[PDB]
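*Asks:* Listed below are the residues making up each chain.
There are 2 protein chains.
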Amino acid sequence: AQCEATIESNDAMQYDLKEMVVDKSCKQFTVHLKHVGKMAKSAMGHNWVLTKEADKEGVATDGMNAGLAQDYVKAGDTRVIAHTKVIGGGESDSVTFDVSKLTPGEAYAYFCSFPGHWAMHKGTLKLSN
Amino acid sequence: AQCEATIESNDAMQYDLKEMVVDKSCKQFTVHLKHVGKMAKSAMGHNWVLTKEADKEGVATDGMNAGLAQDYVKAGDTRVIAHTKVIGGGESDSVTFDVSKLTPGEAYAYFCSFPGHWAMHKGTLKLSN
Ligand SMILES: [Cu+2]
Ligand SMILES: [Cu+2]
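Protein sequence lines, in the order shown, are assigned to chains B and A. Take 1 as the starting number for the first sequence in the entry's author numbering and just add one per residue. Take 1 as the starting number for the second sequence in the entry's author numbering and just add one per residue.
One or more of the hints may lead you astray.
Note: identical chains are not told apart, hence a pair may lie in one copy or across any two.
Said to hold, decoys possible - Once the Cα atoms are required to be at most 20 Å apart in a straight line, the calculated SDA-like pairs of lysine to any residue come out as: (1) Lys-38 x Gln-14; (2) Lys-122 x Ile-81; (3) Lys-24 x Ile-81; (4) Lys-34 x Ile-87.
These aren't lab readings, by the way, just hints derived from the structure by calculation.
Generate the whole structure from the sequences, applying the supplied hints.
*Replies:* Shown next as structure tokens:
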């Protein structure tokens with residue numbers, strides 16, 4: 001069954017999916033982030049960033065410190081398995097990554113690194129079952 | 001009551017009051033900010049900053065750049081009419097300011113300068129009898 005998932009953000013602080021499962025038949029997985037709100041990214045931009053659960057607050061703060069033009073993700077951050085661009089209302093962005101980067105059975109953190117979003121705007125990703 | 005107002009913030013990005021009126025008999029005005037949420041201030045802290053509407057973005061950018069130890073307000077910022085400290089869930093902080101810093105007729109901007117909150121977490125203050 002497919003290896004692509006659409007996850008949505010809006011003008012509030014939550015994704016519509018608090019958890020995501022990457023099916024084990026997949027060699028590559030694409031995440032399609034949609035910002036279905038109406039606020040511009042200067043007020044309520046959102047992105048989607050994937051890391052080991054341990055690396056989350058670190059990535060999140062170096063990311064906030066990287067600025068809006070870097071999509072609030074430190075350029076070349078080794079801890080980021082995959083990330084989207086920061087988008088604003090009515091926009092989308094997608095990222096594809098190699099599923100071999102994930103360990104079967106490990107919970108991974110995904111979150112938004114837009115200033116003030118990482119602790120609320122998050123969820124957990126794992127390989128199926 | 002007289003020349004005091006209480007305003008609340010929670011674990012989302014908005015105040016319970018979108019408009020605040022300072023009575024014209026007031027020489028001093030006190031704002032009691034309460035954070036009725038339960039999230040940690042490094043996760044979803046909030047403050048209340050009052051400026052002219054033309055200075056809001058300048059204050060919020062330099063506020064952001066000032067860091068949490070400065071309650072995300074640049075120290076000695078001339079455009080800041082008044083500001084609270086940044087509080088987290090289950091805390092409160094107050095600030096009293098001199099109303100002659102305000103001009104009758106003008107609408108003033110109050111907002112939260114915590115990273116990512118300035119353009120959403122906001123309202124208008126006006127002087128009226
Ligand atoms: Cu976000
Ligand atoms: Cu706030």
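*Asks:* Between copies, within a copy, both or neither: which fits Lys-122 and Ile-81 at Cα up to 20 Å?
*Replies:* within (15 Å within a copy, 35 Å between copies)
*Asks:* I want to check one pair: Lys-24 and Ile-81. Are their C-alpha atoms no more than 20 Å apart within a copy, between two copies, both, or neither?
*Replies:* within (17 Å within a copy, 57 Å between copies)
*Asks:* For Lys-38 and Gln-14, with the copy left unspecified, which applies at a CA distance of at most 20 Å: within, between, both, or neither?
*Replies:* both (15 Å within a copy, 16 Å between copies)
*Asks:* Is it within, between, both or neither when you check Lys-34 against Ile-87 at 20 Å Cα-Cα?
*Replies:* within (8 Å within a copy, 32 Å between copies)
Hint compliance for this structure: no hint is broken.
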